[PDB]
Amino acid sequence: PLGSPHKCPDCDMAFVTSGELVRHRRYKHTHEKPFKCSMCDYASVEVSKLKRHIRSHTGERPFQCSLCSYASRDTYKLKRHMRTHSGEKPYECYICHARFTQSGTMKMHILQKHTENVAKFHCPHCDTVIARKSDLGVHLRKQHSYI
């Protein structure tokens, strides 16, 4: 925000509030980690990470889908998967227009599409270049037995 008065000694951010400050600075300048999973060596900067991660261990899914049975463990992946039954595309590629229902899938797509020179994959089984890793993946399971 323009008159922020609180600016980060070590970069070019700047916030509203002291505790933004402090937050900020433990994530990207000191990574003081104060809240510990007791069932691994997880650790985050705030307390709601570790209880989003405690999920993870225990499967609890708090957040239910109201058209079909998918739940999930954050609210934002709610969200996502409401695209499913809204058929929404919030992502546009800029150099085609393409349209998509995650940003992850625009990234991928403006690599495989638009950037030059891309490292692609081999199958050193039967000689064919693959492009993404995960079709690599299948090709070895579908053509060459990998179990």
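Positions refer to the first chain, counted from 1. By rigid core we mean the largest C-alpha set that fits within 1.5 Å across both forms. Compared with the form deposited in another entry:
Taking 2 Å as the criterion, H114 does not count as shifted between the two forms: its C-alpha moves by less than this amount when the rigid core is aligned.
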The other form holds:
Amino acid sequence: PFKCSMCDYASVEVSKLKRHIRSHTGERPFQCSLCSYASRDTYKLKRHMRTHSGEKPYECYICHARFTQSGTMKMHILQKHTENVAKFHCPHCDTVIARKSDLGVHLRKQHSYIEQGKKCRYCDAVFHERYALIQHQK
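Can I have the other form now, the form deposited in another entry, not the form deposited in one PDB entry?
A lone chain is what you will see next.
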């Protein structure tokens, strides 16, 4: 148990605590030699270098499209070649979304606070949430 003093992270390996702390300090030791990207750990630099090398190690076994990362391919297979996958229902409206991160986009765009407000395009009423604005305009 090697505990971070700054959060609840803990590990059974000293080296993992050292890596974790760079998330607080922002130290990025592993620099790309071709662009400005730099990583906190060795793996994400190698994964990034695949984009310079053109290395695409992953191939969809159904349609043979090729991918640079494994999770990209997995998501492609889930969304394009799989039926009856559970969908994301927004709690604040009736929209249904296929991907969790797209639900995130929707929450931030439609249900977040707009400090400077937005006026209806047909009337002088002002709203501070896009969903309420669009509902009013209708």
